[PDB]
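Novice: Single-letter residue listing:
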Amino acid sequence: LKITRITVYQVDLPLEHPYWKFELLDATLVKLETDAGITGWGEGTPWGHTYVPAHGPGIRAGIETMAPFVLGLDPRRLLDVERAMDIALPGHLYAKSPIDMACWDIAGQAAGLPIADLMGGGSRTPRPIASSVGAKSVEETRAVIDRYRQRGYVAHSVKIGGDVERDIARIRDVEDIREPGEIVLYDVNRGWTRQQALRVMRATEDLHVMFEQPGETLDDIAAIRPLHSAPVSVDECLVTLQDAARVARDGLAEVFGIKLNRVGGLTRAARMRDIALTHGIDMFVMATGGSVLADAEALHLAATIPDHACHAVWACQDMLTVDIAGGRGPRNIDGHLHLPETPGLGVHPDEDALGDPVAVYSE
Amino acid sequence: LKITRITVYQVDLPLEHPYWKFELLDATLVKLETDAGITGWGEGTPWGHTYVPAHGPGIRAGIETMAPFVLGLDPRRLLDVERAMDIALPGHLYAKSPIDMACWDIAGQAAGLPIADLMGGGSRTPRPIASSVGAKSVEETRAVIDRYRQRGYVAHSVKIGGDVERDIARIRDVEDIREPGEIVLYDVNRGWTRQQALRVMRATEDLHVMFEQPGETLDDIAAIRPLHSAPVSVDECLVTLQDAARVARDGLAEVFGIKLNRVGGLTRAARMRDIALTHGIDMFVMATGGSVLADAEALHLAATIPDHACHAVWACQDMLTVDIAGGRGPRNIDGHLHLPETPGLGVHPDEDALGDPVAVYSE
Amino acid sequence: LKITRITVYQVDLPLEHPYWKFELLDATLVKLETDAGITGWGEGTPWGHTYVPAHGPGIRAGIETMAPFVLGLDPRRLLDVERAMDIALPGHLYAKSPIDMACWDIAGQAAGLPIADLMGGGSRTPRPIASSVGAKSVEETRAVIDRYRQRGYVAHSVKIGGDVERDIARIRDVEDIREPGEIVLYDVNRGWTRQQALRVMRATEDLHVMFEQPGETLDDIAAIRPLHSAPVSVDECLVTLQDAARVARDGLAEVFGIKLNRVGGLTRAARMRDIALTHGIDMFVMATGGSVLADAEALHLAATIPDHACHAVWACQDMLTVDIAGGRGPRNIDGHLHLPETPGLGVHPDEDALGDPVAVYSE
Amino acid sequence: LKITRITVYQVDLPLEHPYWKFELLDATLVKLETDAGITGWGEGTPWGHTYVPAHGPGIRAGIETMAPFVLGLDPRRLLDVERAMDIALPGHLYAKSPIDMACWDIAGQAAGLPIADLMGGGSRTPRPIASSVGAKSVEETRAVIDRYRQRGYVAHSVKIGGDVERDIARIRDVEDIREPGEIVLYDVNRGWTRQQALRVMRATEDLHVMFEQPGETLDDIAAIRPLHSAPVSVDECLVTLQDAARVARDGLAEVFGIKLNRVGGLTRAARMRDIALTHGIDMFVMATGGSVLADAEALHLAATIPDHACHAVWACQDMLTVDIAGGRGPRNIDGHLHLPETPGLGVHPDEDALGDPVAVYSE
Amino acid sequence: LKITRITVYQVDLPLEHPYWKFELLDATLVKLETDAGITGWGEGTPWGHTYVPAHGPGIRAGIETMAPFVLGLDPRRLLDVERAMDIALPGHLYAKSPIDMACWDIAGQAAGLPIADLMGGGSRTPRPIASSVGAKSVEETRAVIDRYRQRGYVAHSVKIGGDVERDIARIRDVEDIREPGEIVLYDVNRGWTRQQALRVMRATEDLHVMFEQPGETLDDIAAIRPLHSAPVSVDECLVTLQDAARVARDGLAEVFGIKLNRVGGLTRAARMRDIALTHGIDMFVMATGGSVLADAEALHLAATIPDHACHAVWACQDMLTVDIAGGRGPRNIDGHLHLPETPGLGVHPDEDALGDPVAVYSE
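Residue numbers (the authors' numbering), protein chains in the order written: chain L, 1 to 20, 27 to 369; chain E, 1 to 20, 27 to 369; chain G, 1 to 20, 27 to 369; chain D, 1 to 20, 27 to 369; chain R, 1 to 20, 27 to 369.
As a list, the in silico DSS-like pairs of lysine-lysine whose alpha-carbon atoms are at most 25 Å apart:
1. G:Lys-2 / E:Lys-27
2. D:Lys-27 / L:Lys-2
3. D:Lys-142 / D:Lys-165
4. L:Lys-142 / L:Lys-27
5. G:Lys-142 / G:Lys-165
6. G:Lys-27 / E:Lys-2
7. E:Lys-165 / E:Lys-142
8. R:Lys-165 / R:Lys-142
9. R:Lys-27 / R:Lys-165
10. E:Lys-27 / E:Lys-142
11. D:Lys-2 / L:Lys-27
12. L:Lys-165 / L:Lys-142
If you're looking for bench data, these hints aren't it; they were derived computationally from the structure.
Throw the hints in and build the complete structure from the sequences for me.
Specialist: Structure (structure tokens):
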């Protein structure tokens, strides 16, 4: 078996609810072909080009340079694919993720196994979905949660940052209406200075709350680590396996917020899982952004984690106004994603919605 | 003096109150014989084969390999017995414990001294017994404590883990009905992730409570050490003397939860005592599981600790539906164990209840 | 697919050259059967019962307890097999290795892939074999190396320990006759005190030599780490993934000496590889002991390491006087092992040489 | 003043001496235009796409995303340009460098000052040039140095890696023919494992030699830091200011090997200079690769360093077979670069050699 | 059993070879009596009153205060004796040693066991004796060693300190005439400043030598620990078990130089042994000073150490011109002490040589 052709696609996935000027995701899809005629897909969709060092053009760019060295290889040999990509172009993990996704998918089907199972075996327990709650008054806030809670959602990610007085107020408000067994994570998105982080994280310890990325960098996360007692989840700065092992040996945070595109995809999120699980660290697993092909990938990973150790996943498809698989793939069935039983990724798109190839690489 | 024959027994000790499928303890008894005709007994009884790296078949197994090198030696020379077992088979301390128990017992009688006295001198202060409180509603909870409290029990081990919201609630409930001078330890049994540990241990600092094994491994215990202020007792991961000295030099926990079978028996629990006492660390001493021969061993050790530094012992015999000594040995006399005055262990079983030898090793 | 029957075998593999009273390896073979009728094998063979916490009876023992929970599962789901074994019986990795070996082998064939390839893709570069050089005068020493060097061997493991003056002399002698490009590792086998280690490791820095396990425990390895400059390879004390990540984050040693049975087999050696490779650490990969089924397993792992990062493997079959596969499996073809191209382990024994089953576990 | 148009160019600069398949540099040139009609240039030229996380297509890619936010700004306000690029697209410093180069150049001329002077004032002391010495026998080695030494070169960068025995030999050979006052740096380019690094760096301490990037990552550099005494220069892993301040506070290396494109250009190399100089750390300053516009930029920085603290620069133009400025700009005048006296960068190319614009961004 | 009377003696033991004004040891002997009429002896003999915080009058003083609380107790209960002495008078371990010696001796005989055996079992391997080599020219030096070497001595303690140039010279001289398998320790006796220690310890690493107490305090030993590679033995500053565990966890020295009177006698040297042995640390065991009752005590301890881990003992009796046991007790039989086979200490003095009681304490 061998890789015969990489074909690259570009799709604008518009958002159901635009914001403030954010309006649509630049999404890159990859499709590798094999001489056996077993085909696999991968998707790379940064949530914008401001949130993290990754952008649409930059992946599409990555593949151009990386393509010639990935063609020819055996797709079912992910350490060889990986070592070829790494040699070919160090770093740039957001560019290596969709290829790795595709490659797994091929090997999945070739072994006649769903990704999660081929990666060692995955759980069928329905996985909760993290909602999304943008800035809004204490009044408009409760609104989105109760509405979201009627739509079956049982896990929420409330966005905060900017203002200590206002942020403390927001956490205290949300923790005032939060029915028992309700999962809420307070996602800061680096929107806090050390001094701010320290302040609000301390202020709300008596509500026993969790925070994601309370600082610009893992070093800010670390500096203030010994200063407060709130469990911190380490997200945008959780990039390599060194960041991985360093958090856990040195007790710098308690939770990994994995995001597949960010960390370089399946094979290398696997190793962060291996570490987190031996050092007693809990995960949230979500694709960075994208269609259902993104949710599918994050689900195969969330599956390989025992359910006590995996708090919530995300469905970015419910955030989008377009659908590129006409219903196919793991969808929001009552606030939860159910692992697909189908060999490989278990969802391919129809090339009807992808537009013409933006580039092609063969042998 | 010399060891002439090791004889190995196997006994199912059923539980008074089974649970959820736990129902009986696989227990290994050892009986060494000497050319002077002075006989000693040892018992090895893991609480199951899931709680800790130890199992019935594995001890019985250990002895087979270890036997030929222990035969012949002088039972009263515990550093020689020990060094022979260690050379013979590194690690496997749960397998070395019953032999060490027996050997002490022989030397005890040969010196005409109860274990506790021969080990340096033991206290006659009646030692409190830790009860056992399984998962149950806040309602069924109070029930077991008041009932247990009528039966004279004055020290309780409340089991928690799994759920931060529910666990906080359980501690707050139990600390709501706890009459002054009542000893309660909250035993987690590793049933917490770092993130969970940190959360509940912080949440309940204003009740001044103690926790046992709040994490999978001493490293999880350590990582979160600087993050909260609750005194932690270090249990399943307290195995060697290196774990011993490392906790105490590096201030990783405040309490040793010794369990004799786990740590390799009397001689090597002694050294953890030596350390804890010079570094201001308090002990709970209990056999891992078993009949009265197990409680006896843990009592000889709890005795060698000054009473301010020894919070509670355990009587596993009150947990069992069978009795293999027809009343003999230290029993629950009003919530407390009284150190036996008899030379050696001060309780032998009657081989009536042990069944036929499962194996024998002579010269 | 599912596991239908575990069958356990016991074989005495005698040594070509006995020593001082070491004469034969107690070896445990396991054979799992599936309802698809796809069969896999695993082997567990400690080099004795003195070298490391592992012994024949103790594995055979482990399986008894562990068996009921492993039956029924899907062999191709190694994180599920693993989590079932771990829950079933914590620790005891030397007992979990042969089952994991077998399980991989089934999944290997079921995916129609040799182990090394299914684990991510393996190298075909012929791998050097570590010879073995027991204590002997400077004269009898050179003898074994030149003789061994004629037989095509190009990598040697010279055993030292006990005496600083004599050990320094031995290294200086061996480094005096060592033709360029010759790989020699000086294996101490914990046979040094801190004070001795420090002394000889310093004394021979100007020969640029490497040492394996220069101390009883990783803590002795660590204490003296900052005191000398010789690269140390971390072996018997390299057990869990915590030991793994702790060495590498804290720069305590530079080389992993993996031994499959010790660390718990393929799935969990994989993770040590993942770590070593991201933290710039080099490996030696060898089975702990055994027949060709042991060499095969270590080869599938040595294969998944890029060749600059894998110094040498071992063939224990050339050390044995019996052959349980009548020629089949990776053998010493001119000082080197060549990765087998066959699906799975790529070598099964003939049950002719294994004797009658020592125990059987079905459903 | 404001930025009116960014125009992007792409040029293949072939090498005078190709190697092993490396043959030409993919180089990106940028030209910003202002409403005052003051024009500036920047160049981004990774030495390939394998040496470091940077590639031609990836910069050209970066600008596309980054362009709209850089248009409009005042070029003379580098903290505003920078904060706009950073917000626009985090990380990707190799993409931000040429824009920053250009922007400085405009502000340079607008202030009527050469870059080095506007950045605080630059030295006129002729700066030595680092030669380049590829792998070759001890014989072909001496050849390149003496030949290079006749051509006036007085500073050499000898490439090593791969093999401890061969590398030690290479250093000892080169240090055998090295006339007093001759600057040689041994550049490893990450081509060493921890174990190898430690070995050769120790082996050659008595020659008092310096090494560049002896390991894959700053963590490998750090782990082995306390283990040897050779001064290490920190290169490919010297990326952000955190890497900057962390090396120096924690004494992890003694020398910064700045490379402008890598670190994000002038403004942010300036800060590494500020740090190195207050913590007693010495620099080598070179462009990553490129034409004379690259050498010019590195010279303006090497100038802002006092001459005792700046060991050597590099002229990549002497490595190239094409010339895109027909003689203009700082050239190799007898082994040394002389800081240009002209306002701004002090060298623009002629758009004759750049080919047609590969993209244009206006308002 | 119980203690009935403590009787205290004072004896001047003159030296065979006086020095420079040192001439005789002020020695305190203690004799406890029991109602069973089983009698035990202890001796406390600082080597002067300048070498260490201990002096004749100060022990005799200690007992006065400590006596009333030690009378009455059971001598065979050393943790009770110890806890009574500690409560009675904290610190002052040089005063608590002779009582502890005596007490062991009683319990020894009462158990019908020699000290070494009752403490867990002792080795019969003849133990080497450390000679003593005072300051002298390189010429007079060799003299004392060869003469001493004819008298059967095979282990020497060469005294150094004061002068780096002269000390380096002395080590190099002694290491020039030192026949293979000859044990020499270079004892500094704190006679070095940090700067001096560092200098000479580095200067002589290529002779692979060991040093005792190279500094005033364990902190000086520690400060310079990471700066050199010579194995250091930790002596006068090795006082409590905290010093004990702190050296070994933090890798501050490699060798314990136990001295019984200093550390508080048998029970508490035992614990330092327990620690040293689990952390791979080697011992020298000697009484601080005194007659054969001192050598006997140190031998019972040196015996409880496996012979690879015990480099040499000392016989202070060969240093004395008087003999208080008319030949009885472990004497220098050809450079070695042989463990006595007799119950208890296995040597009592005859009260003929002790003079009249200097004080008596009864009930």
